[PDB]
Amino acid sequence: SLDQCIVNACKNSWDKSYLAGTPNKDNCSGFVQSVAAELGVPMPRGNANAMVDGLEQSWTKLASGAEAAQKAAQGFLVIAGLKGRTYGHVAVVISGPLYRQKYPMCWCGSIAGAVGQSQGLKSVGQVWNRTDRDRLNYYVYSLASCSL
(Lines of atoms letter the chains of each structure in order from A and count residues from 1; the text may use other names and numbers.)
(Lines give C-alpha, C1' and ligand atoms only; values in the text may rest on other atoms or scores of the structure.)
Protein backbone atom coordinates (compact mmCIF):
# COMPACT_ATOMS: atom_id res chain seq x y z
CA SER A 1 0.00 0.00 0.00
CA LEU A 2 0.96 3.61 -0.78
CA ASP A 3 -0.59 5.49 2.17
CA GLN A 4 2.66 5.91 4.17
CA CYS A 5 2.92 9.59 3.24
CA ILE A 6 -0.68 10.17 4.42
CA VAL A 7 0.12 8.33 7.67
CA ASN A 8 3.23 10.49 8.20
CA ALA A 9 1.13 13.64 7.71
CA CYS A 10 -1.21 12.32 10.40
CA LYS A 11 1.62 11.69 12.89
CA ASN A 12 3.14 15.16 12.37
CA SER A 13 -0.27 16.84 12.60
CA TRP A 14 -1.34 15.21 15.85
CA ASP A 15 0.62 17.68 18.01
CA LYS A 16 0.26 20.74 15.80
CA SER A 17 -2.28 23.48 16.57
CA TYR A 18 -4.15 24.74 13.51
CA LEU A 19 -6.09 26.98 15.87
CA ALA A 20 -4.05 29.01 18.39
CA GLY A 21 -3.72 27.25 21.76
CA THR A 22 -5.81 24.29 20.59
CA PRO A 23 -3.91 21.03 20.00
CA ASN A 24 -5.07 19.20 16.86
CA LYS A 25 -5.90 16.12 18.94
CA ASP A 26 -8.76 18.14 20.51
CA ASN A 27 -10.07 19.52 17.21
CA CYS A 28 -11.22 17.24 14.42
CA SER A 29 -11.52 20.05 11.86
CA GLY A 30 -8.13 21.58 12.72
CA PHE A 31 -6.44 18.17 12.55
CA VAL A 32 -7.63 17.46 8.98
CA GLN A 33 -6.47 21.00 8.03
CA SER A 34 -2.92 20.30 9.19
CA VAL A 35 -2.94 16.89 7.44
CA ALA A 36 -4.09 18.53 4.20
CA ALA A 37 -1.50 21.34 4.50
CA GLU A 38 1.41 18.90 4.84
CA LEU A 39 0.18 16.93 1.82
CA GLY A 40 -0.35 20.13 -0.22
CA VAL A 41 -4.07 19.57 -0.66
CA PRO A 42 -6.42 22.59 -0.75
CA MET A 43 -9.03 21.83 1.89
CA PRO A 44 -12.42 23.45 2.47
CA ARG A 45 -12.19 25.50 5.68
CA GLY A 46 -14.34 26.15 8.78
CA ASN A 47 -15.81 23.73 11.32
CA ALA A 48 -16.76 20.11 10.52
CA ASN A 49 -20.24 21.02 9.18
CA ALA A 50 -18.77 23.79 6.98
CA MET A 51 -16.03 21.40 5.77
CA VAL A 52 -18.60 18.74 4.79
CA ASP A 53 -20.64 21.35 2.85
CA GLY A 54 -17.48 22.08 0.85
CA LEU A 55 -16.51 18.44 0.26
CA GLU A 56 -20.05 17.74 -0.96
CA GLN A 57 -19.61 20.58 -3.51
CA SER A 58 -16.19 19.84 -4.96
CA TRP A 59 -14.95 16.30 -4.11
CA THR A 60 -15.92 12.90 -5.56
CA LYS A 61 -18.03 10.73 -3.25
CA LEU A 62 -17.07 7.10 -2.73
CA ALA A 63 -19.61 4.25 -2.75
CA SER A 64 -18.62 2.44 0.46
CA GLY A 65 -16.24 2.26 3.43
CA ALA A 66 -14.57 -0.67 1.65
CA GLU A 67 -13.91 1.58 -1.37
CA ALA A 68 -12.45 4.35 0.83
CA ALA A 69 -9.73 2.06 2.15
CA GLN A 70 -8.84 0.93 -1.38
CA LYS A 71 -8.41 4.56 -2.49
CA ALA A 72 -6.33 5.23 0.64
CA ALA A 73 -4.21 2.13 -0.17
CA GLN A 74 -3.68 3.70 -3.61
CA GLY A 75 -2.31 6.87 -1.95
CA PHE A 76 -5.32 9.20 -2.14
CA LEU A 77 -6.42 11.50 0.66
CA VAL A 78 -9.86 10.33 1.82
CA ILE A 79 -11.93 12.27 4.34
CA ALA A 80 -14.75 10.65 6.29
CA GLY A 81 -17.39 13.27 7.18
CA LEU A 82 -20.89 13.52 8.65
CA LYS A 83 -22.95 16.63 9.55
CA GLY A 84 -24.59 16.99 12.97
CA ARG A 85 -27.61 19.08 13.92
CA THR A 86 -25.27 20.84 16.34
CA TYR A 87 -21.76 19.62 15.35
CA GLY A 88 -20.30 17.38 12.65
CA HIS A 89 -17.13 15.29 12.63
CA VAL A 90 -14.30 14.63 10.18
CA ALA A 91 -11.61 11.93 9.93
CA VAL A 92 -8.79 10.81 7.64
CA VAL A 93 -9.35 7.27 6.35
CA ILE A 94 -6.23 5.14 6.05
CA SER A 95 -5.69 1.68 4.53
CA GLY A 96 -5.88 -1.64 6.38
CA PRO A 97 -8.39 -4.43 7.22
CA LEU A 98 -12.02 -3.37 7.78
CA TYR A 99 -13.60 -3.56 11.26
CA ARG A 100 -16.79 -5.69 11.21
CA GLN A 101 -16.04 -6.25 7.48
CA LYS A 102 -17.31 -2.70 6.79
CA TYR A 103 -15.64 0.21 8.61
CA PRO A 104 -12.19 1.48 7.49
CA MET A 105 -9.28 2.51 9.74
CA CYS A 106 -8.88 6.23 10.45
CA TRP A 107 -7.05 9.10 12.16
CA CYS A 108 -9.04 11.86 13.86
CA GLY A 109 -8.89 14.42 16.68
CA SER A 110 -11.76 15.24 19.03
CA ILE A 111 -12.85 17.72 21.70
CA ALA A 112 -14.58 14.68 23.28
CA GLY A 113 -11.22 13.35 24.51
CA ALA A 114 -9.86 9.84 23.90
CA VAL A 115 -13.31 8.46 23.04
CA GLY A 116 -13.48 10.53 19.88
CA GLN A 117 -9.82 10.37 18.97
CA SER A 118 -8.12 7.87 16.68
CA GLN A 119 -4.44 7.35 15.81
CA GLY A 120 -5.00 4.68 13.15
CA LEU A 121 -6.15 1.70 15.24
CA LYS A 122 -9.82 2.71 15.68
CA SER A 123 -12.12 2.41 12.70
CA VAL A 124 -14.75 4.99 11.78
CA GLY A 125 -17.13 2.45 13.32
CA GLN A 126 -15.49 3.00 16.69
CA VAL A 127 -15.35 6.81 16.48
CA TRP A 128 -18.90 7.45 15.28
CA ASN A 129 -21.58 5.60 17.25
CA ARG A 130 -23.67 2.65 16.04
CA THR A 131 -26.36 4.77 14.34
CA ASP A 132 -24.04 7.36 12.73
CA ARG A 133 -21.43 4.91 11.39
CA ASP A 134 -23.63 3.63 8.53
CA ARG A 135 -24.50 7.20 7.49
CA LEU A 136 -20.91 8.27 6.73
CA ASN A 137 -19.78 10.06 3.59
CA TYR A 138 -16.32 9.30 2.16
CA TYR A 139 -14.73 11.96 -0.03
CA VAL A 140 -11.60 11.47 -2.17
CA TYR A 141 -9.19 14.05 -3.57
CA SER A 142 -8.73 14.14 -7.36
CA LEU A 143 -4.97 13.49 -7.18
CA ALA A 144 -3.03 10.87 -5.26
CA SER A 145 -0.68 12.42 -2.69
CA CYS A 146 1.78 9.51 -2.35
CA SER A 147 3.92 7.97 -5.14
CA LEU A 148 5.89 4.74 -5.85
The other form holds:
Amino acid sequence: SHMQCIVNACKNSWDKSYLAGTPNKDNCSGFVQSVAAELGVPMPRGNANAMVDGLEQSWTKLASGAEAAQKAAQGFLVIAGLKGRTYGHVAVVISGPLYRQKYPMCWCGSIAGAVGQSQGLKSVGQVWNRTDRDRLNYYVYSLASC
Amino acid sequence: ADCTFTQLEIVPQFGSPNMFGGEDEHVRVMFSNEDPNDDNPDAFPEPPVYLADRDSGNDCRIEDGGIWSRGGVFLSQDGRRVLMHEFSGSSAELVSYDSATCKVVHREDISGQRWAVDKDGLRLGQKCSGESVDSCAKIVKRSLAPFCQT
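Switching from the form deposited without the partner chain: structure of the form deposited with the partner chain bound?
And the full complex, kicking off with our chain again.
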Protein backbone atom coordinates (compact mmCIF):
# COMPACT_ATOMS: atom_id res chain seq x y z
CA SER A 1 0.00 0.00 0.00
CA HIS A 2 1.11 3.60 -0.44
CA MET A 3 2.79 5.38 2.46
CA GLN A 4 1.15 8.74 1.86
CA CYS A 5 -1.49 8.66 4.61
CA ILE A 6 0.11 11.51 6.57
CA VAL A 7 0.53 13.82 3.56
CA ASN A 8 -2.98 13.08 2.26
CA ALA A 9 -4.39 13.90 5.69
CA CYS A 10 -2.46 17.19 5.77
CA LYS A 11 -3.68 18.19 2.31
CA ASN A 12 -7.27 17.28 3.14
CA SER A 13 -7.07 19.18 6.43
CA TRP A 14 -5.61 22.43 5.15
CA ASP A 15 -8.87 24.07 4.02
CA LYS A 16 -10.96 22.87 6.97
CA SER A 17 -11.83 24.79 10.13
CA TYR A 18 -11.49 22.46 13.09
CA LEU A 19 -12.62 25.35 15.28
CA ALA A 20 -15.88 26.93 14.15
CA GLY A 21 -15.08 30.12 12.27
CA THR A 22 -11.31 29.69 12.31
CA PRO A 23 -9.56 28.45 9.15
CA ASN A 24 -6.94 25.81 9.90
CA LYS A 25 -4.32 27.79 7.98
CA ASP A 26 -4.55 30.38 10.75
CA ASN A 27 -4.60 27.97 13.69
CA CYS A 28 -1.78 25.51 14.23
CA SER A 29 -3.64 23.46 16.84
CA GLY A 30 -6.75 23.24 14.65
CA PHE A 31 -4.78 22.02 11.67
CA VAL A 32 -3.17 19.26 13.76
CA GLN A 33 -6.56 18.36 15.26
CA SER A 34 -8.04 17.93 11.76
CA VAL A 35 -5.13 15.78 10.60
CA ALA A 36 -5.39 13.53 13.65
CA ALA A 37 -9.17 13.24 13.26
CA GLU A 38 -8.83 12.08 9.67
CA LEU A 39 -6.23 9.49 10.73
CA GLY A 40 -8.33 8.57 13.77
CA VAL A 41 -5.41 9.26 16.07
CA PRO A 42 -6.49 10.43 19.56
CA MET A 43 -5.20 13.93 20.32
CA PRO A 44 -5.20 16.03 23.50
CA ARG A 45 -7.85 18.76 23.45
CA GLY A 46 -7.19 22.47 23.69
CA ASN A 47 -4.88 25.12 22.28
CA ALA A 48 -1.31 24.52 21.17
CA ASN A 49 0.13 24.82 24.69
CA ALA A 50 -2.49 22.43 26.09
CA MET A 51 -1.83 19.98 23.26
CA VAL A 52 1.93 20.00 23.94
CA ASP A 53 1.23 19.50 27.66
CA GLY A 54 -0.87 16.47 26.73
CA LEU A 55 1.61 15.01 24.27
CA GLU A 56 4.42 15.47 26.79
CA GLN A 57 2.41 13.44 29.33
CA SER A 58 1.53 10.56 26.96
CA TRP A 59 3.46 10.25 23.67
CA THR A 60 6.94 8.84 23.07
CA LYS A 61 9.52 11.48 22.23
CA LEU A 62 12.04 11.01 19.43
CA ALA A 63 15.69 11.94 19.88
CA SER A 64 16.10 14.01 16.73
CA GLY A 65 14.45 15.81 13.84
CA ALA A 66 16.15 13.24 11.60
CA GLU A 67 14.35 10.44 13.43
CA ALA A 68 11.07 12.36 13.17
CA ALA A 69 11.35 12.42 9.40
CA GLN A 70 12.14 8.71 9.27
CA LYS A 71 9.11 7.90 11.40
CA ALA A 72 6.91 10.04 9.17
CA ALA A 73 8.33 8.15 6.16
CA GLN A 74 7.21 4.97 7.90
CA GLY A 75 3.62 6.19 8.19
CA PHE A 76 3.64 7.50 11.77
CA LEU A 77 2.01 10.74 12.86
CA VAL A 78 4.80 12.90 14.31
CA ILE A 79 4.00 16.24 15.93
CA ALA A 80 6.79 18.78 16.35
CA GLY A 81 5.80 20.91 19.32
CA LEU A 82 7.02 23.74 21.51
CA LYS A 83 5.07 25.74 24.07
CA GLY A 84 4.91 29.50 23.84
CA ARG A 85 4.36 32.12 26.52
CA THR A 86 0.68 32.05 25.47
CA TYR A 87 0.71 30.90 21.83
CA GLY A 88 2.49 27.60 21.36
CA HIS A 89 3.08 25.89 18.05
CA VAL A 90 2.50 22.39 16.71
CA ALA A 91 3.35 21.05 13.24
CA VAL A 92 3.01 17.73 11.42
CA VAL A 93 6.42 16.33 10.44
CA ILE A 94 6.61 14.74 7.00
CA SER A 95 9.17 12.78 4.98
CA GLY A 96 11.67 14.91 3.11
CA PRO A 97 15.23 16.27 2.99
CA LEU A 98 16.47 17.92 6.21
CA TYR A 99 16.99 21.66 6.17
CA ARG A 100 20.57 22.39 7.30
CA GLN A 101 20.98 18.60 7.67
CA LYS A 102 18.91 18.73 10.87
CA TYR A 103 15.35 20.05 10.50
CA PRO A 104 12.56 17.97 8.97
CA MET A 105 9.91 19.18 6.52
CA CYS A 106 6.45 19.88 7.96
CA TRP A 107 2.89 21.12 7.51
CA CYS A 108 1.39 23.71 9.83
CA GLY A 109 -1.09 26.52 10.15
CA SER A 110 0.00 29.69 11.96
CA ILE A 111 -1.70 32.72 13.41
CA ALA A 112 1.62 34.56 12.82
CA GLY A 113 0.69 34.86 9.14
CA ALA A 114 1.47 33.24 5.80
CA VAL A 115 5.14 33.32 6.76
CA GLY A 116 4.50 30.77 9.51
CA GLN A 117 2.34 28.51 7.38
CA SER A 118 3.76 25.46 5.67
CA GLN A 119 2.01 23.33 3.07
CA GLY A 120 4.96 20.93 3.19
CA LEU A 121 7.49 23.29 1.61
CA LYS A 122 9.04 24.64 4.81
CA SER A 123 11.01 22.72 7.44
CA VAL A 124 10.42 23.16 11.16
CA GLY A 125 13.68 25.19 11.11
CA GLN A 126 12.04 27.67 8.72
CA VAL A 127 8.84 28.08 10.78
CA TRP A 128 10.49 28.32 14.21
CA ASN A 129 13.46 30.68 14.66
CA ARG A 130 17.14 29.82 15.09
CA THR A 131 16.88 29.41 18.88
CA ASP A 132 13.46 27.74 19.10
CA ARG A 133 14.09 25.19 16.35
CA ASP A 134 16.80 23.62 18.57
CA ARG A 135 14.31 23.32 21.47
CA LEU A 136 11.71 21.32 19.57
CA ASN A 137 10.08 18.20 20.92
CA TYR A 138 9.15 15.47 18.44
CA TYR A 139 6.22 13.39 19.62
CA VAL A 140 5.38 10.17 17.77
CA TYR A 141 2.15 8.21 18.08
CA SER A 142 2.41 4.64 19.37
CA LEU A 143 0.88 3.21 16.18
CA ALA A 144 1.51 3.96 12.51
CA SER A 145 -1.32 5.26 10.30
CA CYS A 146 -0.32 3.36 7.14
CA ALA B 1 7.96 62.20 19.63
CA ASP B 2 6.09 59.66 17.49
CA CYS B 3 8.41 58.96 14.56
CA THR B 4 7.03 57.68 11.25
CA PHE B 5 7.99 54.30 9.76
CA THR B 6 7.86 53.47 6.07
CA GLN B 7 7.91 49.99 4.54
CA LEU B 8 11.18 48.95 2.91
CA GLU B 9 10.73 46.65 -0.08
CA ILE B 10 13.13 43.71 0.10
CA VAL B 11 14.17 42.42 -3.34
CA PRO B 12 16.81 40.24 -5.06
CA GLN B 13 20.14 42.04 -5.16
CA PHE B 14 22.75 42.10 -7.93
CA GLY B 15 26.15 40.56 -7.19
CA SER B 16 26.72 38.10 -4.35
CA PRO B 17 24.18 35.31 -4.85
CA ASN B 18 21.01 34.70 -2.83
CA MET B 19 20.99 38.17 -1.26
CA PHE B 20 17.81 40.15 -0.73
CA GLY B 21 17.66 43.74 0.40
CA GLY B 22 16.60 47.32 -0.08
CA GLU B 23 17.69 50.82 0.76
CA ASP B 24 16.54 54.37 1.19
CA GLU B 25 18.50 57.57 1.65
CA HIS B 26 19.67 56.58 5.13
CA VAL B 27 19.96 52.81 5.41
CA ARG B 28 20.47 49.64 3.40
CA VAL B 29 19.21 46.31 4.80
CA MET B 30 20.41 42.93 3.43
CA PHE B 31 19.45 39.31 4.10
CA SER B 32 20.85 36.00 2.85
CA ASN B 33 18.49 33.39 1.44
CA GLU B 34 19.71 29.96 2.51
CA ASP B 35 16.68 27.92 1.45
CA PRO B 36 18.33 25.73 -1.21
CA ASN B 37 15.15 25.29 -3.28
CA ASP B 38 13.11 28.48 -2.96
CA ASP B 39 14.27 31.50 -4.96
CA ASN B 40 11.39 33.70 -3.81
CA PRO B 41 11.30 33.39 -0.02
CA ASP B 42 8.85 35.28 2.14
CA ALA B 43 11.15 35.21 5.17
CA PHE B 44 14.72 34.88 6.42
CA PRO B 45 15.48 32.51 9.32
CA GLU B 46 19.26 32.82 9.23
CA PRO B 47 21.21 35.74 10.64
CA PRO B 48 23.10 37.95 10.11
CA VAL B 49 21.03 40.84 8.88
CA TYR B 50 23.35 43.45 7.43
CA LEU B 51 22.64 47.16 8.08
CA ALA B 52 24.51 49.94 6.32
CA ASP B 53 24.21 53.41 7.81
CA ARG B 54 24.75 55.50 4.70
CA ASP B 55 25.26 58.76 6.59
CA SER B 56 27.87 57.62 9.11
CA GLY B 57 29.27 54.92 6.82
CA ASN B 58 29.18 52.22 9.49
CA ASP B 59 28.21 48.67 8.54
CA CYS B 60 26.93 46.38 11.29
CA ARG B 61 25.39 42.92 11.64
CA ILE B 62 22.34 41.85 13.62
CA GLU B 63 23.77 38.48 14.72
CA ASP B 64 20.66 36.92 16.28
CA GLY B 65 16.88 36.98 16.13
CA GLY B 66 14.31 36.20 13.44
CA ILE B 67 12.62 34.73 11.72
CA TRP B 68 12.55 37.99 9.71
CA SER B 69 9.46 38.54 7.54
CA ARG B 70 10.49 39.75 4.08
CA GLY B 71 7.55 42.13 3.96
CA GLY B 72 8.01 43.33 7.55
CA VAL B 73 10.94 45.73 7.44
CA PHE B 74 10.34 49.47 8.04
CA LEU B 75 12.62 52.50 8.31
CA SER B 76 12.12 55.54 10.53
CA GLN B 77 12.00 58.81 8.63
CA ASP B 78 15.29 59.97 10.20
CA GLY B 79 16.99 56.66 9.38
CA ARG B 80 18.02 56.04 13.00
CA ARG B 81 15.72 53.05 13.53
CA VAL B 82 14.91 49.83 11.67
CA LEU B 83 11.64 48.18 12.77
CA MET B 84 11.35 44.48 11.94
CA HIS B 85 8.65 41.85 12.21
CA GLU B 86 10.08 38.62 13.61
CA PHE B 87 8.23 35.37 14.24
CA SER B 88 8.64 31.87 15.55
CA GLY B 89 6.00 29.17 15.19
CA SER B 90 2.81 30.95 16.18
CA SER B 91 4.56 33.71 18.16
CA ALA B 92 5.64 37.10 16.82
CA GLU B 93 7.28 40.31 17.96
CA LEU B 94 8.17 43.72 16.58
CA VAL B 95 11.77 44.74 17.18
CA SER B 96 13.40 48.11 16.71
CA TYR B 97 17.15 48.37 15.99
CA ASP B 98 19.58 51.30 16.07
CA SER B 99 20.76 51.59 12.46
CA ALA B 100 24.18 52.86 13.55
CA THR B 101 25.03 49.99 15.92
CA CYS B 102 22.56 47.14 15.24
CA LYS B 103 21.62 47.10 18.94
CA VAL B 104 18.07 46.37 20.00
CA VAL B 105 16.17 49.47 21.11
CA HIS B 106 12.79 47.88 21.93
CA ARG B 107 10.77 44.67 21.59
CA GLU B 108 7.04 44.13 21.79
CA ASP B 109 5.38 40.71 21.89
CA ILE B 110 2.44 40.77 19.48
CA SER B 111 1.68 37.04 19.48
CA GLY B 112 -1.89 36.23 18.49
CA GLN B 113 -2.53 39.67 16.98
CA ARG B 114 -2.90 40.77 13.38
CA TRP B 115 -0.82 43.87 12.73
CA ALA B 116 0.11 46.63 10.30
CA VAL B 117 2.59 49.49 10.25
CA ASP B 118 2.31 52.53 7.98
CA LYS B 119 2.46 56.36 7.84
CA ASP B 120 -0.23 56.48 10.51
CA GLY B 121 1.41 54.15 13.00
CA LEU B 122 1.01 50.65 14.39
CA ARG B 123 -2.32 48.82 14.46
CA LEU B 124 -3.11 45.54 16.29
CA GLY B 125 -6.24 43.52 15.56
CA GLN B 126 -8.38 40.89 17.23
CA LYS B 127 -11.28 38.72 16.02
CA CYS B 128 -10.06 38.66 12.42
CA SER B 129 -11.29 36.87 9.28
CA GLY B 130 -7.74 36.61 7.98
CA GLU B 131 -4.19 37.91 8.16
CA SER B 132 -4.86 41.54 7.24
CA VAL B 133 -5.58 43.76 10.20
CA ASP B 134 -8.57 45.19 8.27
CA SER B 135 -10.27 41.79 8.59
CA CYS B 136 -10.50 42.33 12.34
CA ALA B 137 -13.57 43.15 14.41
CA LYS B 138 -11.44 45.34 16.65
CA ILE B 139 -8.28 47.25 15.74
CA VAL B 140 -6.30 49.12 18.38
CA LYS B 141 -3.66 51.78 17.86
CA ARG B 142 -0.37 50.93 19.57
CA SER B 143 2.22 53.60 20.41
CA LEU B 144 5.45 53.46 18.43
CA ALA B 145 7.25 55.80 20.85
CA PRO B 146 9.48 53.19 22.52
CA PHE B 147 10.46 51.94 19.05
CA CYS B 148 11.41 55.40 17.83
CA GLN B 149 13.26 56.52 20.95
CA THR B 150 13.32 59.82 19.07
